[PDB]
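The complex appears here minus one protein chain, its other protein chains still in place.
We call the chains A and B, going by the order they appear; numbering starts again at 1 in every chain.
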Amino acid sequence: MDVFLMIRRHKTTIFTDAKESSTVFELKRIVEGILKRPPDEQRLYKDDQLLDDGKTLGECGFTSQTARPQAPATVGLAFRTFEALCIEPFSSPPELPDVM
Amino acid sequence: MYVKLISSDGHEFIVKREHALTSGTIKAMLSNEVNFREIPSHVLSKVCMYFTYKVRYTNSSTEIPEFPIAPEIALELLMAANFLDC
Partner (left out) sequence: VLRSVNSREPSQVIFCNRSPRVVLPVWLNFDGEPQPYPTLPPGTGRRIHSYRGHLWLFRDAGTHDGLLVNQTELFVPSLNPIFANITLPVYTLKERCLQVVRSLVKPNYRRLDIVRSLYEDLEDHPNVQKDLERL
């Protein structure tokens, strides 16, 4: 079963999917192919919690009906000592026009 | 194979290449990074969410859910979608 994710670090945001049965380390292999960083220099997070390499995305709370295509779940990324988990927020939308 | 779509505020969105080829405009601006001077991150992130949404539910039999658009981003997303023809 597919889960749809946003892997985010600093001002980087990767849109990808993975199997619910796939492991955290296997996600780091996906990140490795894109950002060219080995998994040992990678740290994956759900919100603030550090994720274990051997656990599957489903055990980590990334389920199909919470990681939707039109609303993907966020996986925090941190590079290596290790930096602190930093995710730059998106820009703020303007005020609603008077006609809305 | 991936491509980078950079918003106006520096945010870098890395999506699959075939997802970005959905928009005919983005294919032209690639023919591999693309900068969007007029699309902020709170609009381009929604655009990338639509790429996954379109590819997943096109030619699909399971019930299709509504693509959610907050009111505060509807006007900007409309101009971006009109420009990108997506």
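Convention: a contact is a pair of C-beta atoms (placed from the backbone, for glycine too) under 8 Å apart; a residue touches a chain by one contact, two chains touch by 3 or more.
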| item | value |
| --- | --- |
| Those residues of chain A which, in the complete complex, touch the missing chain | 97-100 |
| In chain B, positions touching the absent partner | 47, 50, 53-54, 57-58, 61, 63-67, 69, 71, 74-75, 77-79, 81-82, 84-86 |
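By definition in this document, only the chains that are shown with their structure count from here on.
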| item | value |
| --- | --- |
| Whole-Å separation of chain centres (CA-atom averages), chain A against chain B | 18 |
| Residues of chain B that touch chain A when the two form their complex | 2, 7-16, 19, 40-42, 45, 48-53, 55-57, 65, 67-68, 70-76 |
| Sites on chain A touched by chain B in the complex | 4, 6, 11-17, 34, 68-72, 88, 90-97, 100 |
